[PDB]
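Okay, here we've got a single chain as structure tokens, the form deposited without this ligand, with questions on binding and movement later.
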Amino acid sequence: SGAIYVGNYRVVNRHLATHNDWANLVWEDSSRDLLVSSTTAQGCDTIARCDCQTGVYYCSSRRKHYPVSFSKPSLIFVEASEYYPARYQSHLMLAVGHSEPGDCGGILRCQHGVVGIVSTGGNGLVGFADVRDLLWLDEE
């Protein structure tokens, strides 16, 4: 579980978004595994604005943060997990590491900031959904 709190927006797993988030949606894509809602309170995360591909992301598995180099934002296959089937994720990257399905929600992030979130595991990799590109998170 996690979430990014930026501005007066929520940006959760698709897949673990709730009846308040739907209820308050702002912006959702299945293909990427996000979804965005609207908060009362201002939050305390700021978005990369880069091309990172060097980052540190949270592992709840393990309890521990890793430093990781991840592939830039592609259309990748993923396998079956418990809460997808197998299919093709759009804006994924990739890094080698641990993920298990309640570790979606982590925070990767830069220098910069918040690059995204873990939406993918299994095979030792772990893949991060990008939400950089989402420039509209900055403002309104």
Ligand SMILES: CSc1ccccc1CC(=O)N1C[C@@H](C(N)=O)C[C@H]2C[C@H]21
Given for the second form:
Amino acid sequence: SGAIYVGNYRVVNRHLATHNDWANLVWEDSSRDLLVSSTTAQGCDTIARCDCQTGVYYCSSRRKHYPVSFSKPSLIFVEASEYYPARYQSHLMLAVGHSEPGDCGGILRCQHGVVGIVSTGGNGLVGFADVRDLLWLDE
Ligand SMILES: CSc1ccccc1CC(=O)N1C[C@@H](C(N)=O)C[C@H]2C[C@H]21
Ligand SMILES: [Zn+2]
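Can you return the structure of this protein in the form solved in complex with this ligand rather than the form deposited without this ligand?
Below: every chain and molecule of the assembly, starting with the one above.
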């Protein structure tokens, strides 16, 4: 579980999105595991606009924040699931770190703000869905 709240937007994993998110849909992308829904209240999360490759992510399965080195956003194969068939997921960033299925949504942050959220994991790895290219979130 976990969301990003910037201005009149809510950013969640598309596989974890609720009925309200779909009733107030702004943009969704299956290949990125992202969904953006509109909000009534004003959100206050700063989105990072950078090329950072080091940051800190929240791990709800360990109740701890972890510093990580992460890859540049890319097309990375993800195995079949109960939400998506086997496919390349775009704008994904991998790091060495603990991830569990319910850790999806945990925020990855650098010194410049929110980078993205936990999307994939397993085998001593954690994958983050990047949100830095979505410039319309700020505007
Ligand atoms: C971080 S979740 C996790 C953790 C350890 C091991 C396995 C998983 C499962 C995983 O990688 N997922 C990928 C996600 C996707 N983007 O397609 C769909 C939901 C099922 C989540
Ligand atoms: Zn940064």
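Numbering follows the first chain given and starts at 1. Superpose the two forms; the largest set of C-alphas matching within 1.5 Å is the rigid core.
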Identify which of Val96, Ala80, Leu75, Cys50 has its C-alpha displaced by 2 Å or more between the two forms once the rigid core is superposed. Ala80
